[PDB]
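Below you will find one chain, with nothing else, as structure tokens; this is the form solved without this ligand, and questions on how it binds or moves follow later.
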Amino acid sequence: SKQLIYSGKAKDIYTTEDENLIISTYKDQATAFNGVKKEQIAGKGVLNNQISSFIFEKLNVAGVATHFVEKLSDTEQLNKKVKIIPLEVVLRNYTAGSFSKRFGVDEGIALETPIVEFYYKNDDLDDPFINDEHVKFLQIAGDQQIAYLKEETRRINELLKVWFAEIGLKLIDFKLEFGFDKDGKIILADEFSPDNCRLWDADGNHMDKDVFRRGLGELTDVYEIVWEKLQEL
């Protein structure tokens, strides 16, 4: 029992007795594209929290610095409290969704090298896509910081891509958040579940949130499958 700091779409965050620490609670809320149509869909919190807890641990073992300490419940994990960088970092391995739209090209076209993209994490501005100078202007981060957010998201792609391969899933794209820990450094934060990455079955089957949005099945099912596959590592 402690205090609710922020209330999200997928997560409520609570405090502890340790200033630097925060327990994250994964909700059953699902919400579609920016025009937030809202459905609450059972089990989702637990899968997300499992998957995220797993990958994050795997990262930590691989020496990626992150906010993960321990999965504490079905529903909760304990995280190092960081000051969030309002900059969603998207790395793309394959064309899909908004890249496809922007460039009027199909989804499934491989890239090599992979492209990163910043978006201003500002719900009111509809999380707009931005460039390096816009970030500087925004005073989120200067140079050296911009080049760090790239350089580590790529390293993160390289680990993650290999792992999903080994369980027969192609890492199409994902989306990070980073923030500052009590010591000022930058640190992978938030969560890495099927909600914030794309996952393609070797047969093009979507093992991710595109099931809720495009509407190609029931969500917990594909998530269940991904969770099942991950414990093959």
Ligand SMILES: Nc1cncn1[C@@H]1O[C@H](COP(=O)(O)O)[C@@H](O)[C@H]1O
Second form
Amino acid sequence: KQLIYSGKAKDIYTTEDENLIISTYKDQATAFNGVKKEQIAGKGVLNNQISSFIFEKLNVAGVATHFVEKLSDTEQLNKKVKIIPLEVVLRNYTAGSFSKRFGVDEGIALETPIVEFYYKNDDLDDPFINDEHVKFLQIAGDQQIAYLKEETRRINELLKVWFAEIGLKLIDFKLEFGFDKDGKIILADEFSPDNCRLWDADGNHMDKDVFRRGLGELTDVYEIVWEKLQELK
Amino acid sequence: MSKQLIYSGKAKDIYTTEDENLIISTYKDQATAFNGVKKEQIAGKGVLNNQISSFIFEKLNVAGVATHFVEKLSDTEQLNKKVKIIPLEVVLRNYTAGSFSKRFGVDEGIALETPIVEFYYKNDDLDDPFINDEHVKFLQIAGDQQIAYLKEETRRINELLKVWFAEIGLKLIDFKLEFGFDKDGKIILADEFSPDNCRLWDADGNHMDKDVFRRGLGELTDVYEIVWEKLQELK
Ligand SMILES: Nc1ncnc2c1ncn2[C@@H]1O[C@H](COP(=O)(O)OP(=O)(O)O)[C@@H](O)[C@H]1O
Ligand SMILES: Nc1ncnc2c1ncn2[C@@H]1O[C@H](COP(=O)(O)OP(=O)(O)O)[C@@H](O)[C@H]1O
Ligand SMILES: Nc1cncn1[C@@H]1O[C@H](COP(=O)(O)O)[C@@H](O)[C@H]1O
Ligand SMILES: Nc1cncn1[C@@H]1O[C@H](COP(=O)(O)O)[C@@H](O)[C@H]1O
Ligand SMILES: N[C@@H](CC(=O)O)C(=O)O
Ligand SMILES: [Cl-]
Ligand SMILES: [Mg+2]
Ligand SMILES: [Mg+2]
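Would you generate the structure of this protein in the form deposited with this ligand bound, following the form solved without this ligand above?
Every chain and every other molecule in the complex is listed next, the one we just looked at coming first.
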């Protein structure tokens, strides 16, 4: 059907049902906004598998999400939401641009997980923003902002344990949420190694840092995460 | 044993008194921009800043704002209460300008229906990065009550200041505060309030502030002299 949006990582098509979309995961990887864009064979299948797996578990734990089913190698069937243009970032450990903002090593545990908002606007390079900025931008009000925080946290509780159980330290991650057709906020987008940090106990980067920093082949390590994930239940 | 240089800043030196709790702040003829890049000595800047700051703090004190100000003491110096600084630059915007304008790719000079408060962690080595409330806590700078007190006091201070500069024809675009714990552990307003840490436009959009130095739009002491001349008419 029709291409609604062509992203850096996914293409979004319509279905015959108004409220439903098909998300198609691309073999494209990007870093730093640009440049740093590369086609990587089989990255879309891995990411679609990993995301379909996590969302299914989230659905089972009672998290409201856009996930309905995985459909092919590359595609999944999703609830259509109106996206809240925030990247909601949760950190358990210092890493990346938090290590840069505060001049501190990566890998220091944070006694309380910190959530950060970034305005999802590529033209602005998704700047870091505060709650008053959220309101200014008319993105969400006080209650909804509180809701986004508390839901991201509850989701972190689940995920951190699951990854722990397969031996990966969930350092940080990035969520997006959206208004469903009945105006409820639900989790959407994707949860892949594209938008989380995963270290093993030896500190190996089992995520997109491998690509950002040129540490090795992206799909080898994504494949390892996939294999580990299937040992869950 | 009365007068020791506790600290040398970009715009003020601070010295001991014989009274433990009191400090003399000495304003300097030095201007900086882009955390240390464009550094110039500017004759007369120190007295203007000391003058404007002495003035505004005195009016703040009379309005009931707890501050560090005791008395202007010479052209250059002022007698302050010694605080333990809260390393946060608390910024309030009334209008869009500067790095807000950049962050949101929006023009300078748009009115903000509600004034916006922003924290920058006051650390020169990290270039005073923008931070959120949870970052304040991670940093162990202040807990939830103290954070809301900072906001609520900056806002009230804004309510006064915006009215005062209005009465003499300048629009108060934005400013930056610092606060600190006093000898009794209460939070008070400290540092300086001068055109160095506020934006001031006249009705023609003229820059009556440090932007004149930053953007190289005219001689700095000329403009600050103008603000000083106008402030004396609220007197
Ligand atoms: N369930 C959904 N309904 C509608 N739009 C969605 C949904 N999930 C994700 N989107 C949007 O689809 C696009 C997916 O493309 P992606 O490649 O991830 O975008 P980006 O380049 O912003 O990372 C994003 O704009 C994302 O917010
Ligand atoms: N009442 C006070 N008590 C103690 N220290 C203060 C007080 N007011 C200001 N300071 C500190 O004096 C220092 C010197 O001032 P300044 O030149 O403005 O330094 P900066 O380069 O940090 O702007 C600043 O670090 C400031 O926080
Ligand atoms: N995918 C994404 C896009 N913007 C941020 N992230 C994710 O959010 C976390 C925080 O990243 P950073 O430290 O670079 O801000 C990392 O897991 C990163 O993949
Ligand atoms: N003086 C200072 C040092 N750091 C911030 N400021 C002040 O903070 C306000 C916001 O500036 P910006 O938009 O550049 O963050 C301006 O009035 C500016 O002088
Ligand atoms: N990096 C984000 C989206 C983006 O900023 O382009 C993600 O992985 O979903
Ligand atoms: Cl920032
Ligand atoms: Mg994306
Ligand atoms: Mg200063």
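Numbering follows the first chain given and starts at 1. Shifts are known only where both forms have a C-alpha. In this text, rigid core is short for the largest set of C-alphas that superpose within 1.5 Å between two forms.
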| item | value |
| --- | --- |
| Rigid core fit between these two forms: Cα deviation of residue 143 in angstrom | 0.4 |
| Rigid core superposed, the C-alpha shift at residue 34 between these two forms in Å | 2.2 |
